[PDB]
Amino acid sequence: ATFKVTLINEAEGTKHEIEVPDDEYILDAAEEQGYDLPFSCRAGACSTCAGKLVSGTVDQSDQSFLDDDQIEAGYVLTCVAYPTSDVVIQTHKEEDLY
């Protein structure tokens, strides 16, 4: 499968659509399609690439930084997240975490 991922940057007022293989991380596909996004470790072990789901699902089992509550709230580490449906996700959400 190849899923539609809509990237929303709320502070900048942008909406960007990409197509993401079910076996590619969101961050890599965004970059390839011309949308650079924040990151640092690229390994699921920081908060730099955090996003927050609006709709749809991911498999971010490779992640380690987020706690279960944060995941429940919809936070995703985009560097290690595979889409498992069409997704709408807010980017640039690191500052929401504590």
Contents of the next structure:
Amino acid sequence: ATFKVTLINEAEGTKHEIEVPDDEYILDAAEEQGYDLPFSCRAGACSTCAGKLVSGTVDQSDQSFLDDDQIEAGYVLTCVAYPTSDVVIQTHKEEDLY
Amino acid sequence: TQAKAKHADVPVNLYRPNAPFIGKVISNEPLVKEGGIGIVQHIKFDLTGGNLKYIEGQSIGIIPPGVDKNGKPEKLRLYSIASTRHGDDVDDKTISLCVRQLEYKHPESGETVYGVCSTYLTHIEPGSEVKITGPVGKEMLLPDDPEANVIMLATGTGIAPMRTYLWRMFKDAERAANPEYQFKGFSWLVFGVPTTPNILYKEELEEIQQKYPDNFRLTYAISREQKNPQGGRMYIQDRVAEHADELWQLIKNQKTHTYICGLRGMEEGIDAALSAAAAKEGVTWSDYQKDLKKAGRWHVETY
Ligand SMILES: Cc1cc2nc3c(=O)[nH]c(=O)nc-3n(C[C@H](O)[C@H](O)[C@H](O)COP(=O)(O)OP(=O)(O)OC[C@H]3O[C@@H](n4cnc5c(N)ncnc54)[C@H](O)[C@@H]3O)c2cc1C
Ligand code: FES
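Could you switch over to the form solved in complex with its partner chain, since the one displayed so far is the form solved without its partner chain?
Every component of the complex follows; first up is the chain already shown.
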């Protein structure tokens, strides 16, 4: 499928609605969609691209940089998250950890 | 954190950046011999001074020293435990790491750059104080069933987690240190690497070979000195492709589990292989694989 991923931002007040195929990390999609996203290793191997889910679902089977307690809240890594659903999510959520 | 331990039996995150555990280094020996490509070195920390717990398949965080290079405090860099839970000395006080030196020419100025952390570890000094972060892993847990079949597709320093898998399985010591797990099943490791002398842990994984013909099979992929009949250097994807039918046969078993680890981009070639060999029996490997993650039988960690 190809689900809508509305990028919301707690600051400038962004609710940017984007479309993401079933086979593309949430990062690359919106990123090349006219939206410059925060990131670093782009390999599920750091926190730069951290995200805090609001409503929706993704797939986290390619990670292992990955606290069961952290992920239990709804935290995502945009550079490696496949929309398992229509996903609302807030970016720039890397300071919520540590 | 620190005292954060009250639930489950899997040691996960009994230590946090907000409560580092300054483990200390015991040894630090090469793993790529002369002729090899790059620097990859075995690093072993002592655990005394803390209550650090873990098992085989978990990840351990290392915190670098430094407060001046990008203004802010250094950040975590995660690594996979290269050792059983008991540690590398078959006790409970140690733990081993598999770290490659990261270097690349600058995107712009071409200057070779050295990753802060691994460049730290690789040149690390015995008894050099190192801050460790508790374990953070649950997607590469090793099942307690000796009967289970452990398929292991790793490249480069992705040989970490299979070492803990294979060590516990086939290490005499641990074999006696874990009487309640005498592996009688059949595990299979496909190992991709540029050079023979790049073959990390070769002279032990092969010792495990001649001793357990029936429980361990061992396939190298050496691109720089191995060619498929179609005239193309040997990558693990190429080795999988060669044994696709075989391998596909395995995972269709009931308790057969798969473990892939190593640098990102290894998984695409391998999904293509199983796909073709599985489609012949009529099935979408994407769908079949789609459902094996739910059943907890397909385990991927690629960084
Ligand atoms: C679960 C997990 C397990 C891991 N296990 C291991 C392991 O066992 N052994 C191991 O060696 N590593 C492993 N890694 C990777 C390791 O955690 C670090 O990501 C890696 O060692 C980088 O080291 P560093 O901190 O020295 O680099 P850093 O200082 O963080 O710098 C790396 C940074 O360089 C930049 N960059 C990198 N390459 C390029 C390039 N060519 N051009 C432009 N920009 C670039 C990026 O900003 C990148 O994040 C694992 C990763 C994870 C997530
Ligand atoms: S940019 Fe490092 S995990 Fe996404």
